[PDB]
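Presented as structure tokens, the chain that follows is alone, the form solved without this ligand.
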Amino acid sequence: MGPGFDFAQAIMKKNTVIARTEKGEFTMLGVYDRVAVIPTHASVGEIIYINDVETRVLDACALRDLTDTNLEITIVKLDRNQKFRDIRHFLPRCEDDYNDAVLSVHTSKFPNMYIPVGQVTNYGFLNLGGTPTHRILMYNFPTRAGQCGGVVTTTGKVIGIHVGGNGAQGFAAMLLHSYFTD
């Protein structure tokens, strides 16, 4: 409807796939080459379905900070025959707050879904499903089951992926440029 939704659509249309694990269907953001991200609670194993195609997982790393605290991001390298558009230049370098963000989801259950979530707070610490988690972004929108893995953007930046909520607020794990240096 406006430039926020324009940027989010541009990311969704080239840099997402539908990922299926034994724990469900997730929005999965492709970052560069065959490297993507997904919430750690998706429990990626040796095989994953990408757009309903059986795909070998070449590497999967559940990220933690240097305090050995969960970040809820798993970086996955896929045995796929095609590269993602490289979007690493849209990732922020540092932890921050944001205005006027969009949460965008694409699954079987929720295709072509875009939510204007508004102001994003650098929340920091969250006890997420009983697990101490750092680098959490918060927005005041009643997100639901089915939105995990959704991409959080502002105009010009890809800032996080949706990892939970409490019925009133939603929570995303930050994406930082430093996670994807090669």
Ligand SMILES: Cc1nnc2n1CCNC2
The other form holds:
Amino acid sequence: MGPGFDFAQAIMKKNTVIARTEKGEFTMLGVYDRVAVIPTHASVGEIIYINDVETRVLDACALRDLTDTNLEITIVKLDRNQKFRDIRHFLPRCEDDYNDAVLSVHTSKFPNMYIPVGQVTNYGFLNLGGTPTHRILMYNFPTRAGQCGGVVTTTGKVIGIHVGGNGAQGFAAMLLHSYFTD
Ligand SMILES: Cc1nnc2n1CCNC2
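Following the display of the form solved without this ligand, present the structure of the form deposited with this ligand bound.
Shown next: the complete complex, the earlier chain at its head.
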């Protein structure tokens, strides 16, 4: 409907896939080449389904800050026959707060969904389903089961991936440019 949705739509159409693990279906953001991100609670194994295609996982690391605290981001390298559009130039370099964000989701259950979540706080520390977690972004929208992995964007920036909520607020793990230097 406007410039926020236009940026979000561009990321969803070219840079997302449907990832299925033994823990369910997730929005998965492709970042560059065969490299994508997914919430660590997806529990990525040796084999993952990508748009219902059986895919070998070539390498996978969980992201953790230098305090040895969970960031809730898993980076995955897929044995896929096609590269993603490189979107690393849309990743912020530093922790920040934001105006006017959209949360975008694409699953079997929630196809082509775009939520205007408004203002995004650099919240920092969150106890996330019992796990101390750093670099959390917070927005005042009552997000639900099915939205994990959902991509959080502003006009010009891909800022995070949705990892939880409490029924009043939603929470996203920051994406930073330094996670994806090759
Ligand atoms: C690409 C990339 N960046 N960090 C990681 N990877 C794939 C292997 N695991 C960790």
